[PDB]
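The chain that follows stands alone, in the form solved without its partner chain, written as structure tokens.
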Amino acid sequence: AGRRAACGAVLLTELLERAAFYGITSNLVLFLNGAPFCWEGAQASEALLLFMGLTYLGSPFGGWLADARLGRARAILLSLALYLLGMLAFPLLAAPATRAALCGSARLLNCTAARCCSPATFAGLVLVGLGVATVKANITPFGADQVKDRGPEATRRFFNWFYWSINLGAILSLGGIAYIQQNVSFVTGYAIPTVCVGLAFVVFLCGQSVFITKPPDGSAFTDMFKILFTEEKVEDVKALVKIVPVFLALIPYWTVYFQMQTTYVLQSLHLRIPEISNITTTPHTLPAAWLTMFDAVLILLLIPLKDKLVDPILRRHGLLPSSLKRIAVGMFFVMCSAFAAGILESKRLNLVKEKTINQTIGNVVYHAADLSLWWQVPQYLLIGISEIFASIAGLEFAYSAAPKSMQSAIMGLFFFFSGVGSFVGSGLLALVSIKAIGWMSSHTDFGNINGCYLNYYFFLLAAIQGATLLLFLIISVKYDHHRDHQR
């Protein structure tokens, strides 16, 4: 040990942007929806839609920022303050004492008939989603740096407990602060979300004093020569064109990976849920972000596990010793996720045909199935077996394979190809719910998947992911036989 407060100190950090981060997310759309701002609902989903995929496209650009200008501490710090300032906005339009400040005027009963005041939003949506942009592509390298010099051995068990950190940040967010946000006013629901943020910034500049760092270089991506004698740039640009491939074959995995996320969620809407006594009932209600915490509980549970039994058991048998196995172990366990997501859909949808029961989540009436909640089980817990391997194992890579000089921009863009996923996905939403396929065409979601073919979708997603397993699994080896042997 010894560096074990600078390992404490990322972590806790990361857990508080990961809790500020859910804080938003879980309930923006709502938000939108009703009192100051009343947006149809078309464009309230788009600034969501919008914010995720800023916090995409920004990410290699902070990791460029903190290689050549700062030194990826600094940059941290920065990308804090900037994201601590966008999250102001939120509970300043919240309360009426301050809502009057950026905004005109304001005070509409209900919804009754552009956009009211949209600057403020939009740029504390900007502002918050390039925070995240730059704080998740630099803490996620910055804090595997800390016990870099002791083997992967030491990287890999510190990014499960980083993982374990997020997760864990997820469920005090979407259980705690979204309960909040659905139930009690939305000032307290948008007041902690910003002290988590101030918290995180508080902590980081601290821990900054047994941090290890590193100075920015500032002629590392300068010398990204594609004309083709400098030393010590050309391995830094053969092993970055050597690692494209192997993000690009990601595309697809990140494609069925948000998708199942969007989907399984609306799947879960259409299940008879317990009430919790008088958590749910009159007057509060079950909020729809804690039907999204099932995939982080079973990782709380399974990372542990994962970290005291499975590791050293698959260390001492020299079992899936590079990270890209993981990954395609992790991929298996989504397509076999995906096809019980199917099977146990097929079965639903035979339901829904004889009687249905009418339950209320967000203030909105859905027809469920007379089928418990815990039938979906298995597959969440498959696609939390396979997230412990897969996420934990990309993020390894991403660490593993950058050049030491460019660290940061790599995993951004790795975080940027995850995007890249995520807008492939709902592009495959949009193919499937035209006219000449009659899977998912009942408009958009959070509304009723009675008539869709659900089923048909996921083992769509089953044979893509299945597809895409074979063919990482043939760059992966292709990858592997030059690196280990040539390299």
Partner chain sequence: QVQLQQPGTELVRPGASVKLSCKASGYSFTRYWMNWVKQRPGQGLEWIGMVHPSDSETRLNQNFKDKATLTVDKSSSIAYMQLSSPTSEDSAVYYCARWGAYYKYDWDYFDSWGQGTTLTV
Second form
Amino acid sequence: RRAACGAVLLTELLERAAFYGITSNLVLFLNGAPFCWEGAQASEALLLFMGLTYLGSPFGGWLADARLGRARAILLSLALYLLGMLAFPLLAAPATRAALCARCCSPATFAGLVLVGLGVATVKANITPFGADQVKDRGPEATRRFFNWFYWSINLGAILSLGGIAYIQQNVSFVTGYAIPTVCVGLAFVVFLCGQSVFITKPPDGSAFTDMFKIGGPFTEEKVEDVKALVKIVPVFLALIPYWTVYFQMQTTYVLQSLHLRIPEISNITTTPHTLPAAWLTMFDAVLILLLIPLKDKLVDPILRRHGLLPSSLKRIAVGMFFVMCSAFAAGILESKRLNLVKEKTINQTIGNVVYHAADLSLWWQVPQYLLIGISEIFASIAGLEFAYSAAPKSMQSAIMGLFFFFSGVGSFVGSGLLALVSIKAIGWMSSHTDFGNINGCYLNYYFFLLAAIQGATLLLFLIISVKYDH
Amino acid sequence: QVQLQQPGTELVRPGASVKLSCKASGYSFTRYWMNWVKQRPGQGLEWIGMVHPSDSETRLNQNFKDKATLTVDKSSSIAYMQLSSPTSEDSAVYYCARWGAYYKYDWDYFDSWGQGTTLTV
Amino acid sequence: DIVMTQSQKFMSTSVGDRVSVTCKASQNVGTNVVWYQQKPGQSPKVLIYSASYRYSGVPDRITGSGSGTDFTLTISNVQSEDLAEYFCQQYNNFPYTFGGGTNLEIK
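What about the form solved in complex with its partner chain, after the form solved without its partner chain?
The next block holds the full complex; its first chain is the one shown before.
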């Protein structure tokens, strides 16, 4: 059906818009007055919120696969999402802040962050297998097409969020900049409630985990084959962890390098009365993916299916890993050229309210290093979801998807730890980032080459593991 | 030892062309932005253009467009600023400030200034 | 064009007293304000960058504070040397705009 497959895409779009409207300007929301949070306290709060969104995903999937069902768990998680989102407009508005109020407004904002984190975790764990279930009966090709358009909806929600919500948050107001994500969560909940009349709902199977927890025999063939498939999908999820570290380090270091390239400032919208948000620099990957997914689904996918190339999702993940390694190499080359450039010519450009010291190198020189990563998310990301759905046992698809997102979060935190590791004085690749705040003295080229080497090793290991998985 | 030598009095006639000079010495000339500031006798400072003496990329002030023209002679390590047709309100003390900010150093202040050339018309 | 208003043109202070010159930016400049000290018949000398820091050689009595719209340069141990016009410059947006200038009138 197209009504259910449109309702799922729309509610995922709204959920992603709300999530990116929260994360994009959360640190600066707490740092700025009247919250007056410390320099690292807001970053710690954001890190805790993201870690919650990643850690609650397997439990959010277990809740939908054992107790509530996939359809009802998304409704409950969106209700919790909206309840936790309501704190941010309430806190930002000074008329309603008195009711709510590691700082003066710590409890209300931390309760909101916890609720939004749990809501994001459960929605992410449950809505993509629930979305796939609508066209599951039409074959694996229909599931792949739905995952293409699901990632397109995710990235369109990211585009709308980081473009409008972030701009309104920074240059208009934080009351009407944070009210729109709450309205987005409300609209997602309303859309899901309306589409419940057309959704295909699989009843929960509470005992399905119990057998998996326990291990002719005492158990049926299906309940032991579920464990046999889980113990085969766990190594593949583990092998994707370094890919997650590399990719989540791209998502940060590419923005860091963007800020230190000559961003073409707009004299109309981003002129002196307003500011250029730093989320617009994170928006480039989603901008490219918006144009790449329709090309993949309408042109690349039919050709690859006609000629039979890359039928398995693991091979697609492998080619995505290769493309993200190529993106790391291109970023390293561009950063070497940039660090050569910023020795005799450094310009000042203001992003938000921070005066970064860029080189005389156009920001669009990140197009070759972003297009490649975009292609990576065309292959490595979307197919990952497919492998998290196709290879999951029929009774614990939400749990396996939540575990896939939890391992994505484990990779993200391992990448944060690796960035902190290369920041030590012993290595010093990114050590000169806190004294002055610019990567002009930081060896980000060496870090990008390290990410490329890590991704090459990960691609080799993943080729081995994918060959073993398909025998 | 960063010295931005300035000539001093620059008496001229209205409608002429004025080329204030600033000899930058004691430092690598072609790595820091050389800005020009104008202080009227009874007003505050007015930042009027910057030039990077490596590409001569002049980021002029909009109020001082078509008035000021920032040039650089890299051979003699001098920064010139030319006023075209200076009227009676162009008489002021023009400082040639440096801008202390470059590779790895986010200092972001005017650092070393010139003695200021007192343009009188 | 951030009109960087220093509403108090003249501050009268005494030796050993404390004077806090103020500077209200037109927009949210951020920690992007430099305080200069133009002594009589001299070019301005950078006193405090980033609105809270201290240039090398500042006698540490001249502290800086503020962020966003409002900034403040406080001298808590005014000597006879601090007889100068204090200029509040923003480098957050182009063109760079200075304050109207505040000069200490030591009495």
